[PDB]
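Undergrad: Chain by chain, the residues run as shown.
There are 2 protein chains.
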Amino acid sequence: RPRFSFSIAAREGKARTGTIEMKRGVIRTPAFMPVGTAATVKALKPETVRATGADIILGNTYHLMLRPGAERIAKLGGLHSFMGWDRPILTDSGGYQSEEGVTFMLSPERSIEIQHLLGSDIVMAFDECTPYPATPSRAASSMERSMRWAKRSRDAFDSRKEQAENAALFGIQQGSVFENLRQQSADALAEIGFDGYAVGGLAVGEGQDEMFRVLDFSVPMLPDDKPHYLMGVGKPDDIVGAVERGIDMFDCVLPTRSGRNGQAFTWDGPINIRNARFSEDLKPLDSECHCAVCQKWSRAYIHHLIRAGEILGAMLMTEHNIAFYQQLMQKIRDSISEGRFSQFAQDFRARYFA
Amino acid sequence: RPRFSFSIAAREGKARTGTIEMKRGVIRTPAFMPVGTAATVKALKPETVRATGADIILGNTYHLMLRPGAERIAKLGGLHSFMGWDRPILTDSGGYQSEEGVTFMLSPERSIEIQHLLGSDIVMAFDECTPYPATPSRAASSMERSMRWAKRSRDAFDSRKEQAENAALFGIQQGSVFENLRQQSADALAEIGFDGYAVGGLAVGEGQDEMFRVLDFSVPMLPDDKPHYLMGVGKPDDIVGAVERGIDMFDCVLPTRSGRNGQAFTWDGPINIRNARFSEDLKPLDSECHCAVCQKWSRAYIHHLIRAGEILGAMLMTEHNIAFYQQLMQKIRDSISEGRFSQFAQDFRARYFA
Ligand SMILES: CNc1nc2c(CCNCc3ccccc3)c3nc(N)[nH]c(=O)c3cc2[nH]1
Ligand SMILES: CNc1nc2c(CCNCc3ccccc3)c3nc(N)[nH]c(=O)c3cc2[nH]1
Ligand SMILES: [Zn+2]
Ligand SMILES: [Zn+2]
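Protein sequence lines correspond, in order, to chains A and B.
UniProt numbering puts the first sequence at residues 11 to 106, 117 to 124, 134 to 383.
UniProt numbering puts the second sequence at residues 11 to 106, 117 to 124, 134 to 383.
Only chain A is shown next, with the shape it has when bound in the complex:
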């Protein structure tokens, strides 16, 4: 496989489906990346993560640098070997205070170095993620700093031959909710040049309507021929709408975290499995889901497990929710390839919100 190749196989409106080829494997897009902050996707073995359909997972510069340490993981053979995942890993840069970086120490150069030490396949530029709400002045200052940091990221990555030759580098667009700042950011990133482009600074309290409004003008500012990654998104309906606006990649803690908290995603909407109405419900979590959890266990059992604080409850809820997300992405991919994504999006929503 090449270091990096993104091919678009089909389109419908702003929506795209295709593949990212990398040395450690192929990524089908639109893609959902399970999050694994402490070098584990919580409560799941990697084979289970893979079984659910994930092609790529997300790791974190900030958390791993603190524990167990980036140098330590490199000494032990890198993150892939350490946690037992041999497919691509994307690492966030720790961006989610001086011009040099952030002490708490992280700078563009150290960030890129840590991602190298971890052996990340898709490296994110080190940014400043702009709080919401932000005045235009502050959003501008922060965006500008990020673009400077973007160039610094690019140069550090490029200066490390093994990294430049085997991994990919994504730039992150900032600018808050302001169209002109988003455009300046996109321009700057495109001029520097990256393997893919993320939309940063969303999903930070602005709400779906505003998020979608910003996506409406921001995603077409990015190079069309490269992947578009929406960081930190999101709920199933967020994902569908974002794909309708041209997003190809997603990460989110929702399926894992809310799973351990009793929230199960279904095609009929989320449910909270701890509610007493499930205590004698022999149906599986979701009626159509193909995952092994729904093949074998009842709502009633899982209700009991979660109420009892049992680890198997977290395990089963998490496997189910990640499988659910992967099935969602598969149905998205399939409908775009068949040119019926807009109808799928409508059908999904009618039933999810019924």
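Possibly wrong hints are sitting among the right ones.
The list makes no distinction among identical chains, and a pair is therefore deemed to hold if it is satisfied within one copy or across any two copies.
To be verified - Subject to a maximum C-alpha distance of 25 Å in a straight line, what follows is the list of computed DSS-like cross-link-like pairs (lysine-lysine):
#1 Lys325 / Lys360
#2 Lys33 / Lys325
#3 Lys325 / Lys190
#4 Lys85 / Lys325
#5 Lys180 / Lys264
#6 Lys325 / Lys52
#7 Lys85 / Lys312
In case anyone wonders, no lab produced these hints; they're calculated from the structure.
Using the hints provided, position chain B with the ligands relative to the given structure of chain A.
TA: Relative to the frame of chain A, chain B with the ligands by itself:
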């Protein structure tokens, strides 16, 4: 398969190896039964429990009657269906205050009824487990009460046709550390008649030397042609010594509980994986273990997981420890069948305690 058949295939001293045939499957003896108190063997899917080699698991009258409720589990199709384990289940009776029973309500009749509602394959008589130390008078009174309760258990089980026809009933010997009381108890149980006989009231603070001393005279008091179950035992070396004294069945929370606490069993002795000496140790938990955990993950990773409080840490430690216990039982079975168990016991100990 029959309701119950115990066949002894080989012997060495007091040690025996054979099989218990029951409707839901065959149990190889000497057997280790993983404990699953809240209708789950903590942090493991049943398929994983089975993969490690378990033939039978243990469930609990006391815990399940409280949550989620025995009637409720029966309504949902029984414990096997509920938790997804289709092989034999042994249930303890809640014995671990008046002549009628125990309010907190449990009596022999209710206990046997709850085990029926759960659909247990091996039902334990409802006993009074005698605290240690006990004076002879108190041990006698408690033992006598248990024998009365033993008869009551037998009659309740026998009065329930479906139970009597498809499950088995084990009696529990009491008597503390006193030979004459143990003998009276054994006699009483044999006169009533059971499918198997447990040695109760040990492993309750007396220490290995005393436990083994009591086993020395107590196990030969039990019918030779029926299984001998030591309740609540134990550490790997406890198990070996108890088999040398004629025990065929064991249950214990140690492998699961101490696994979540960072304790890993190895042929070189237990280790505490959280100790800093493992933080960069790329060897698997145990050098010879065949389990999937040791096939794939390092001490270093698991050290990190447990230190970080990650659920995967509990999962991997628990799978390993239960596999370890099953491997122990397999080596015990094999060496007895080959007439080299005494040599195995010596070799085991030399290395485990080196
Ligand atoms: C939930 N909304 C949200 N997430 C955002 C992230 C983090 C992406 N998720 C990875 C992660 C997982 C756990 C802990 C920390 C990070 C961002 N990362 C960066 N670098 N820059 C952003 O603008 C930015 C914006 C975000 N909004
Ligand atoms: C650890 N030492 C010990 N365990 C003993 C048990 C319980 C066996 N293990 C099942 C279980 C697991 C978790 C919670 C409760 C029970 C006994 N059970 C009964 N019925 N009678 C005993 O004499 C008796 C003596 C014991 N000693
Ligand atoms: Zn499912
Ligand atoms: Zn192992």
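Undergrad: Hint by hint, say whether it matches the structure.
TA: Okay, the hints, checked on the actual structure:
1. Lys325 / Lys360: within (23 Å within a copy, 33 Å between copies)
2. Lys33 / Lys325: between (36 Å within a copy, 22 Å between copies)
3. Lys325 / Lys190: neither (49 Å within a copy, 30 Å between copies)
4. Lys85 / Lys325: between (41 Å within a copy, 18 Å between copies)
5. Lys180 / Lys264: neither (32 Å within a copy, 60 Å between copies)
6. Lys325 / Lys52: both (21 Å within a copy, 18 Å between copies)
7. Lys85 / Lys312: between (48 Å within a copy, 14 Å between copies)
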